[PDB]
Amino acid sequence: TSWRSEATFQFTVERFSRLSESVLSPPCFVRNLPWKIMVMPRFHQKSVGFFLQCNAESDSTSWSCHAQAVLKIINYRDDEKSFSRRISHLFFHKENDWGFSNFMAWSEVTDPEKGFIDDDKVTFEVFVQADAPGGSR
């Protein structure tokens, strides 16, 4: 099941408005690699840093995964309004994570009227598709 080429997994960050540091989600396996969502506030204009991390703990320096993904902050009210952005990147030991330091504006995601924050909880979602070595077929 960890050999799959794609997957969609979520990560909820509680007490979000108080977040003053980086938090990391448990791994989700795709192409036998552990993928994670990394979140953190970035700096008077504050923004949400949202990144996709792949196999960062590995000592190995010969692994690589070409992947495209949809980094999305879910909107509890109107899904049509779920905020998402796409990435494409070659993950490997020197660049094991990719995303947006200015994914979205802190004031907007933490606005109780915008639909992204509920009971101070914000949910992140990532749909990732990764390649893998194989024959030409």
Contents of the next structure:
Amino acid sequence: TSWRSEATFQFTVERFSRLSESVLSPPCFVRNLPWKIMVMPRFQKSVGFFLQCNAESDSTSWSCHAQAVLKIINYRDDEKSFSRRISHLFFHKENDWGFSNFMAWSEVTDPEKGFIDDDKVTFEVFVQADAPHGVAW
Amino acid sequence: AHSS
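Alternate state requested, the form solved in complex with the partner chain (shown: the form deposited without the partner chain):
Below, the chain from earlier opens the complete complex, with every other chain and molecule after it.
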């Protein structure tokens, strides 16, 4: 159910080589909160990859600590997929966490590396979150 | 890691 303490979800960004603004995935519910993958170009230059939690809510009383593995899938060889880990207390003022320079833009878009196909790149997040505070009192 |  949406109350699950962990989940793995993916989001495929299309027309990747042309990305010029931040893109957000639909929500994946964990601990009954909406988690989303956020991808943004940073300085072409590098791919920004962040995990976002409960950003839409106007609440300023919530908090949720979680650990996660952010990974860019290599479709040719999963062992070649690139991942980084995070641990963060998410709350209204710090509702997303990740890396502005997750991977070099030239590497992810290299047609011979295995991360891009038909100008599509798939991002994956495995999030393990603790019970949130200040939400479902 | 940091905020966007």
